[PDB]
Amino acid sequence: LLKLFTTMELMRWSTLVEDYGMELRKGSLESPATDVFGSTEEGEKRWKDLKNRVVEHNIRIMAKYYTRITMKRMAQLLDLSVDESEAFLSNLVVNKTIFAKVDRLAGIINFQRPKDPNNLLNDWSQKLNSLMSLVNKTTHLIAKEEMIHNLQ
Amino acid sequence: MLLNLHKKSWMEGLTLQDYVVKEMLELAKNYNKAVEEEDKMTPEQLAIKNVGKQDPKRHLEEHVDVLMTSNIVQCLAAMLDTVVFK
Amino acid sequence: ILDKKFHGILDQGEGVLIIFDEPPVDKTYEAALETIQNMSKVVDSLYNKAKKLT
Amino acid sequence: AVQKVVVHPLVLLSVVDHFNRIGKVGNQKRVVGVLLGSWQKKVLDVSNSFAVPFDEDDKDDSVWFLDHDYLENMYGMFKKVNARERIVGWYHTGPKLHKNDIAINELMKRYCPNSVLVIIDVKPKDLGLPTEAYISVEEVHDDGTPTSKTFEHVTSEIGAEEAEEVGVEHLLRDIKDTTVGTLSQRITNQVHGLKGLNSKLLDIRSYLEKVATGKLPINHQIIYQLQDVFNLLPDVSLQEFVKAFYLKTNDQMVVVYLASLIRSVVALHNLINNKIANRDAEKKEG
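Residue numbers (the entry's author numbering), protein chains in the order written: chain W, 305 to 456; chain c, 216 to 234, 244 to 310; chain X, 369 to 422; chain Z, 5 to 290.
For the record, the hints were derived by calculation from the structure and aren't laboratory data. Incorrect hints may appear among the rest.
Unchecked claim - Simulated DEER-style distance windows between Cβ atoms:
hint, chain 1, residue 1, chain 2, residue 2, range
1, W, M436, Z, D181, 16 to 26 Å
2, X, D389, Z, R209, 54 to 64 Å
3, Z, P150, c, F309, 40 to 50 Å
4, X, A400, Z, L251, 25 to 35 Å
5, W, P418, X, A400, 25 to 35 Å
6, Z, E165, c, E250, 33 to 43 Å
7, Z, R209, X, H375, 55 to 65 Å
8, X, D389, W, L432, 23 to 33 Å
Ideal Cβ placement from N, Cα and C applies to all residues, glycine included.
Extracted from the complex, chain W is given alone in its bound form:
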């Protein structure tokens, strides 16, 4: 359960279904497994909430980790089907909190920034961030020159 909590381990959902369908069998303790999983009611919607969580978590971490991606390879790497991703991503766009992008003619889809409207921070990042670290390299490589010139 803590293993599910930081990138969730890019896995097959049914292995976790093994690991958490053992819990209705597990011990005399069965009522948390009843409330979450062993219910033919809201707990079955909690099963489907775990489905929601796994596809939603693929969205949560992979929407950081997207540059360019095909459609159906995504659809089968979401621990689910291909055409079922129609509904299974229409819910993730009525999620409406991730700005996204898909193409159905060529399959190349993509979750990214709104298409480079401001080109500045490339220049700013390189010049200011790295090259001001490089003008600090003078300030602290003369310090490390003094470090090595202790014994020199």
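Once you've looked at the hints, dock chains c, X and Z against the given chain W.
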């Protein structure tokens, strides 16, 4: 040495650390529109008649040097890629 | 798209129908509106310029 | 602890005046003195300092002499006239560090735990930056010796204060603040380019001298580890910003369209005023 440590300290930038380049130009094109229309609205009302009246109110419109020096800064700081890089 | 707008250009083969424009560009507009009257002034002054000489 | 400071050049003339004390009478040729510090914030502040009568011999290079009445009760008189100012560290000349540095470090730490000394120069014709600041911590080594109090460096800087240039900037008269666009940035250009790549020529030269006969920076592997931070850009044989091809095109785009439009409007400023004002005041013949 205090001249050195006045235009090296008491004026900002210890010269490794200046070469704001762009967001100042967003604000500066705000400048170079807002200052511009006021540079436009006034000299329409210059002495377009033949009057020999001699009593000015003085405001000295012109707004040249802001444009000039700020955009020399903008061009030679847009140079920074081709200057510091290669 | 025809009569009204929300500036959605026909983006047939993308899959977003991207709705985009930059309405503040009006520094250039405002400078054009300047030039139009700046040389109305200059042309009005040309009468003095080509009149008081000869 | 100590990270950056605020230092005002009254300490600098308080170095140069004791340099005037021991220069013409020069026998031990060095200005070593005590840095009083109004320790306010994590940023440090100095408005006072005094130079101890002091010597430092060469043989065994650990013979050295304070003056503990001049160190204690002069500081007490100073605390009476200014209790805000207290001790924070010291200073010396002879920018080549030596072995007695760690001994006066041992004694400077018992007055203030996070003390900081100041390497100075008596004639900075530098790039430049002014005088130095350290930090004394114990990292001992990968070696296993008894405690190594090796001098770590604080990035030094300079602050400011009201009414402390009143006659001096009056005497120089060569003050030129608003001229950035012709000179004030090309000085920085010359400076950071040439003076940073020649410090980098000392980097390649010194570290290829370590290649030949030297330390060859093992066990301080932060040297080439931080040259990797330089090596964010490798620039391999086509100089590799052909992905920044269009990005640099879009960067040239904005400012050059600003140049074209705005400088045409700058012409529209200049020419009209020049022609009208000149034609008026020229055709008025008298």
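Verification of the supplied hints:
Between W:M436 and Z:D181 the beta carbons are some 24 Å apart, a value that agrees with the proposed interval 16 to 26 Å. The given range of 54 to 64 Å is respected by X:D389 and Z:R209, whose C-beta atoms sit roughly 56 Å from each other. For Z:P150 and c:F309, the hinted distance range of 40 to 50 Å is satisfied, since their beta carbons lie about 49 Å from each other. Distance hint for X:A400 and Z:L251: a CB-CB separation of about 30 Å, consistent with the stated range 25 to 35 Å.
Take W:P418 and X:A400: their Cβ atoms lie about 29 Å apart, and the range 25 to 35 Å holds. Judged by the Cβ atoms, the range 33 to 43 Å given for Z:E165 and c:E250 holds: they are separated by roughly 35 Å. Roughly 60 Å separates the CB atoms of Z:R209 and X:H375, a value that falls within the hinted 55 to 65 Å. Range check, X:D389 to W:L432: about 30 Å between beta-carbon atoms, so the 23 to 33 Å window is met.
Violated hints: none; the structure is consistent with every hint.
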